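2 protein chains.
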Amino acid sequence: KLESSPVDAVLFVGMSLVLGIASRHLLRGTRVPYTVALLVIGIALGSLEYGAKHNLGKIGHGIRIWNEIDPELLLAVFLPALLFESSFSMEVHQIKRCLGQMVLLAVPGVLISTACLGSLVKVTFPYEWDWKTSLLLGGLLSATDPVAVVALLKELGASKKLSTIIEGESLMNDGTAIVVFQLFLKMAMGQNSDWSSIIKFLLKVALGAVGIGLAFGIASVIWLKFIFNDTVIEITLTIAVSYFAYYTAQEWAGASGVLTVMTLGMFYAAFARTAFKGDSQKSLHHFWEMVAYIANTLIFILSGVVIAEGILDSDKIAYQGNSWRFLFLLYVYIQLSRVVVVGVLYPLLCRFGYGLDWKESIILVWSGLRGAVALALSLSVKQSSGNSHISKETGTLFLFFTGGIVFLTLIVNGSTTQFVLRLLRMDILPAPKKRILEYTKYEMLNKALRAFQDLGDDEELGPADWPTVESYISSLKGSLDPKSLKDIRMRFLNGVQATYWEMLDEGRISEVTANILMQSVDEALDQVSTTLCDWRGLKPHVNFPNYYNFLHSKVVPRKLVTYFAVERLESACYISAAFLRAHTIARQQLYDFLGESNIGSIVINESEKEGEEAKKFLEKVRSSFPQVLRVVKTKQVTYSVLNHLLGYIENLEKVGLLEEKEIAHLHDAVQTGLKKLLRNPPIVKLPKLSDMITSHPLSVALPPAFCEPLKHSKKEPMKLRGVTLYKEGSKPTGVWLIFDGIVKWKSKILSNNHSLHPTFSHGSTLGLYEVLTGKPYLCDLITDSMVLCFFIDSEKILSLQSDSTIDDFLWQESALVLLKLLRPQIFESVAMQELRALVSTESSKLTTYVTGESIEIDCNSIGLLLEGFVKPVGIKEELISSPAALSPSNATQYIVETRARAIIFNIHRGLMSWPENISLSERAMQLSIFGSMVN
Amino acid sequence: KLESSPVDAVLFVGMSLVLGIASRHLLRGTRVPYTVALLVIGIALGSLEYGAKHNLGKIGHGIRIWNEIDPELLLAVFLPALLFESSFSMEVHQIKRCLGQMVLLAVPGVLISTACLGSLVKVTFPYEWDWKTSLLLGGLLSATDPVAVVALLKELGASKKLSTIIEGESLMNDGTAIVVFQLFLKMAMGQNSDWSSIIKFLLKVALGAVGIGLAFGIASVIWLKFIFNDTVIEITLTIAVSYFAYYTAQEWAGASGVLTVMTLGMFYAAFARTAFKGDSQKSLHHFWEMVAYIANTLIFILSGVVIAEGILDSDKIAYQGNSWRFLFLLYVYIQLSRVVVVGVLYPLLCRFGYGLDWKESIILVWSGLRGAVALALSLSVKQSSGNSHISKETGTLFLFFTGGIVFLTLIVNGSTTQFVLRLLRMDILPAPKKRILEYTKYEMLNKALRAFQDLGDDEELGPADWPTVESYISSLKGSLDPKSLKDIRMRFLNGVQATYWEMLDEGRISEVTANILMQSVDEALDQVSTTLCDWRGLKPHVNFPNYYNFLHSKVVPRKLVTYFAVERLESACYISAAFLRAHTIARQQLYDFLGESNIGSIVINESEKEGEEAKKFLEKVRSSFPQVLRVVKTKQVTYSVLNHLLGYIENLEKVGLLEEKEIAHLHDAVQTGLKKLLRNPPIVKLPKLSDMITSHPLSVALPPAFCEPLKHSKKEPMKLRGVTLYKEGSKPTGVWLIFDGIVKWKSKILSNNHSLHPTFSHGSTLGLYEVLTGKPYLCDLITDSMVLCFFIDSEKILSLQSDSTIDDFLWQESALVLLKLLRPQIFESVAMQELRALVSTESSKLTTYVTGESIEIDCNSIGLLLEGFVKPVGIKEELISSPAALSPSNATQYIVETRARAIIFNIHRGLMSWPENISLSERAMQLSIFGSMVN
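As you go down the protein sequences, you meet chains Y and G in turn. Throughout the first sequence, residue numbering follows UniProt numbering, covering 28 to 505, 522 to 933, 956 to 972, 1007 to 1017, 1031 to 1047 in sequence. Throughout the second sequence, residue numbering follows UniProt numbering, covering 28 to 505, 522 to 933, 956 to 972, 1007 to 1017, 1031 to 1047 in sequence.
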């Protein structure tokens, strides 16, 4: 026989964790949460251990040990646990769009709710309660648990906007209610209620906790930017910094430790994605979610134990009618308090942020769930009761009322939110959104089929049983009237979504950028029957305010401007580039699928005109800071490269191939490089018109000794958008090398057959064919952006034309742009770098045909004419001339009239068109690979 | 001004975490560990707070709050934290190979060390210490921290065998030292030292801690097998179960809680890989490593504080010469005890487990590191001192000596291990292992180059800067004399390694199976100059003990027999199949690379003869339990399928594409299927010779109404290995469908040109061509395993030959095996399922050529003769006959003599040969992307 040995606290915490795990496991699909079961279990335990004084042995000893937990220690240990992950698991890029909508619900909402509840309880509750203590009860009861609301919101189908609003409101409500509760608790203890002291305390708490949290977050983020490869240190740093900032705010500064911890979580959500490594973030979120879960379980059991102790003390409170007949009244008042706040803020809530529909307002009511934050506050009040300011009855009554309110809310509000959402039809998947799920439910089945195919022969083990395999993926299994103008836009937006998906899979865009773009397109699908509203959801993230232009002054160094310019314009430039590239690809895909149609042209024109704002922002970036785009492109490319290397390194880790020391060294080096780059923007030099020439494909790879002495002293290559390089039909004068920018070509004799994006990227030589053959310019070039380009006189090209080893590459370089001009149907979608491989192969050879010979074009080959005339075989005598292209008849043969040079060449997700793009030997193949006809 | 408010414990823990993080960060490459810095910091803090009584404010208040930590609570909270992750992060498949070599070091080593140290201190230490106290000090000082040894072993290059031995020895030493310390502590308090009581206490502690840990592990694993998709619950269950089992052993059973927690960790390592999901197992390990780190930091600071209190109490102990002149003596004694233990166990250690070289024995000495386990034990003794049995001086001296020993070990033993491993040349990479690092360092550079290629055009942002990209991966940049018979075998083993890598990447084999196979091959490269010794590392994992055969009795149901057979014969079957497939692929690769050579043939014969044991084990599995191989194949395939689906769903979560509810539902369904599969083996039915016929590519896909009534009543299709189906040259009688098994073909007219694996897998029709044309059998068929096959009379085939739609498929089916017979060089490496796609396409020109016609074979085409005679064009008059194959001359043309049927067709990592298998347009392409000539 022992008596409350301190080891019994370990018993209590372990038993509480076991009970919480059991409650969470058993109550998964049921309406009731596991927290109410935990509270009931704690109530029963405390009742049978205090009101009956049963000999619980060591189980009761731990209960009694935890019963005298310090009010300050309870909040110091359990409140940082409850609210760190909710602040940490926050999407700042999504909270930036409804900051105002939640702030109106944060400060004014909490103030109105606290005032209404305090006035109601002071008027009604027959406990002779002072105004200070009634306002304290109202303030602590205005706190809403983020854990409960996020658990409820994911339980049933709710819109992303509404879920974000509710989660942000709950977190901000806890943040403000903590301050309100602390203020009224200080007032209730010994402090005079003079407005000067109240204002000073509010300042020292709010703007003395926010500042402390910001300072701690800045210091810890700077530290994390130097902890290269250690997940354990990174996860431990969050614990240490949060639990040290809570102490420094509560004890050393007198501020609010809870608000400091929440501010630290906000800072981590905002400014710590470059600090925590990608591998560490998932484990960090899991750990903090588990810590919040443990705090919820421990608090919901301990509060039940202490409620059972207080109300089953000397048998008055539990048996008094003034408790059970006024808990319901307090529930009614806190429900009416929510209605009052919602109704008061509605005339202005719907005009801010995401807006607020009447259905969303009805959901805003009944979504107020009280959890372990209010429970912890009331338990701290109970443990600090018994003084003259707060009697033992007052603190016990506060804790009992808060527990009853928590139980009633989690029982009724959650079940009603189930009923109301299902009644307002806001939980049904929309028609254009219950079409991409079907796509990523038939694609998953295709991936499963391919995985079965790969593991198919295995003669040593034998054949697998396909029905058994499909028994585990059975959950995966269960036109577009082009004259619509509504379904066409939906298919185009599906193509944009697929392009964003491919860009993320390729690693071209980050996860947050991909999330922003995908949510923008998701907004677009809702407003699809009017126009293409997908850039409307991206302009919040794409802004170029005019106060960046003053950075060109001497007040700051030019090299110092780049870091700020890159940091501010990083996400916006990535978003704009992804937007424009996705719409280019989707325009090409839509034309390829729908063919030539009026509605397709309408949608293409809509997309082209919508991309204007993104093009304008990118042009503003080009004109203001030339090097920011290059820096961010290099950062993006190297981030993708290092992520690919890191993934390969984890694959190597999964294989017992290399020694652990060497794998550790490689992983440490790659993570160190990744942190060194994701920490600060890469430093990239600026070319002096000689580096661009050297990097250009034409130069260095052709001229042995060109005008190199003139490179260091040459005119500015900066050309504004819309500047015409040369006119169509004019006599050749020289070539225009493209270094950086976009130039667009238009022509009349060279008809724009099917080109939608007739532009030439960097590293392209223009005007070479005209200055080689002498034929006039086939098209005019207009710059679509700030283009860096060089002009070389045609006489230099003609002089270089002396050598055949120069001639063949010159003709290939000319063909590089001829393929894009003559046949833009299938040679415009492909990139220039991919087109380099087609011409650099040995199968494509520059052959100077002799007069009277025959040119034969294969079925999977396309020929181009560089000079001379060609006459078709088997067709009417229509003499073909310079440029022009040869295509298979299924003319497979030609006639070489005069001297001619000819070159013969060789020959994306389907989300845009999912339902349309999808013997006996094949049947036997299917039987050999599946055992039946299941494909 | 306050006085030790309980909130100051939060200060202490947060400040200790911050100090530990700072010490770990600052001391990373330095010789000294961060734990000695933590101990020094704690010593300084305790000294200036007690010996000087400085006003530390709230910092000292937390120190004085933690100083009163209960001896029982300190071990209940901090000891499970220290030793759970070391037991959890333990490879059972690797410790099973050296159980004896560390059990010798576990019980006998700890006993000898404790006895020697206790006798030495009792004889020498001038504190009038009883034998019980001296033995207690020896027992607690014989504990070695797993954290310190694993940190040291990863710091410098040590062999996998030696590192595993050291880690297992440290963990087992802690496990035994806890029991020894508890026994001597109970003896020192009030218990009689009679052998009956000692035996009873040892029995109760040992086998009531191991038993309780096993029971808790079984219950928790059964629970985890039903927690489908919740990582937080899975990680919390480990905490709850460990900290509840510690209490149940220490308080409710009187056993050792530490041993119970360690046994629970062992059970989690062994029988919990299918219980914890793959997603959780990384965050779980991270969390428990962090918990161990926090426990280490807190203990190393608190022990320093308490040592500074005890020695800087009333100023005697710190200033006594008998402390500083006997701490060094105790260090010498513990070093001598380590030397004695190693020397005594060496004559029989080297005959067990992995063996023990003299260099490995020298490394075993100086590798004994004392950490937070001994520190925690001595701190518990100090906190429980002051009684009559143990005085305050005795406990203070125990704690001081243990802290000094910990400091001295972590300072000197680590440095000596650094100096000696470098001196014994055991840290240098071997020659055949400093060739796969080079392979997976040129391959990472290739992957980086390809990643730069993918993000290469991007006209909108511009071109990336390749030098900046390579500045972050610069860490990657810095014959085989075939007449060797040593380098050839090394290349073959590298090919086997590459095949295992491809099997893991494809998802064919699990991570643990891949690790076992790869470490077997790593063992092989060491003894490469003698023979192919890589199966020796797999026969520990591949065993078929004779007591499995008794399961066929009536004592147990047959349906229950399969289960135990599946878990027992799962890893061994997978390992054997991977072994055989990898050696087949490596034999083919070696023939392809080296061509025809004597040494290549020698290595191929070595591999073929060595795979005999794996073939025999698989044949034993076939004969004993026919359905186990099919069940494990189905489980493997479905596991791969579900893992691919899980990766796809993770990527889809990374994309803001699907609604959270729907994607969560998909993830939950996939994880539920994965858990339901990893919990119990898949249930697969047994065919009745009709299901196999139906699933065969020939039947159902050919006969409308075949002998189906005879399917239910037919002879047994079981054929033993080596049974000949039909003889070569005999007249055709029928066909032999292959349902399950391996059949080998040998021939002389076919000459067996270059076939290394002349076998036919399941789903193949054999003898069809002979029964169609009437020509005698081209080869004889011998079964290489238990083959399920069916025989159909040739007259049925001839009757079916009536329909042309039947005839074309029959001829294609015959060609399916003809390509493998006529041209095995290029048509045996490909699988049968892949060969189905070659014949099922429309390019198969199965045309009955007329006499006098011309057969033309393209350069990328291969012709096959089904009947008749064909004459070459432009070649000597050598008439070709039935079978035989046509190949391009660079004969491109042929002459059809009589009626003939012909068909025209169309046309792995390089680790085996890494250093050997690796213009102007191409130069321009190279310069266009990177801006220079870097490739």
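FYI, nobody ran anything at the bench for these hints, they're computed from the structure. Check the hints yourself; a few may be wrong.
What the hints assert, rightly or not - Quick list of in silico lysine-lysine cross-link-like pairs, BS3-like style, CA-CA up to 25 Å: (1) Y:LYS863 to Y:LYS658; (2) Y:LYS504 to G:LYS718; (3) Y:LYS704 to G:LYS386; (4) G:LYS704 to G:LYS731; (5) Y:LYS187 to G:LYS231.
Hints, verified against the model:
1. Y:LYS863 to Y:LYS658: The given pair, whose Cα atoms are some 23 Å apart, holds under the 25 Å limit.
2. Y:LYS504 to G:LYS718: Roughly 20 Å between the alpha carbons, so the hint for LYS504 (chain Y) and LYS718 (chain G) holds.
3. Y:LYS704 to G:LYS386: 20 Å, holds
4. G:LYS704 to G:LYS731: 44 Å, violated
5. Y:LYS187 to G:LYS231: 58 Å, violated
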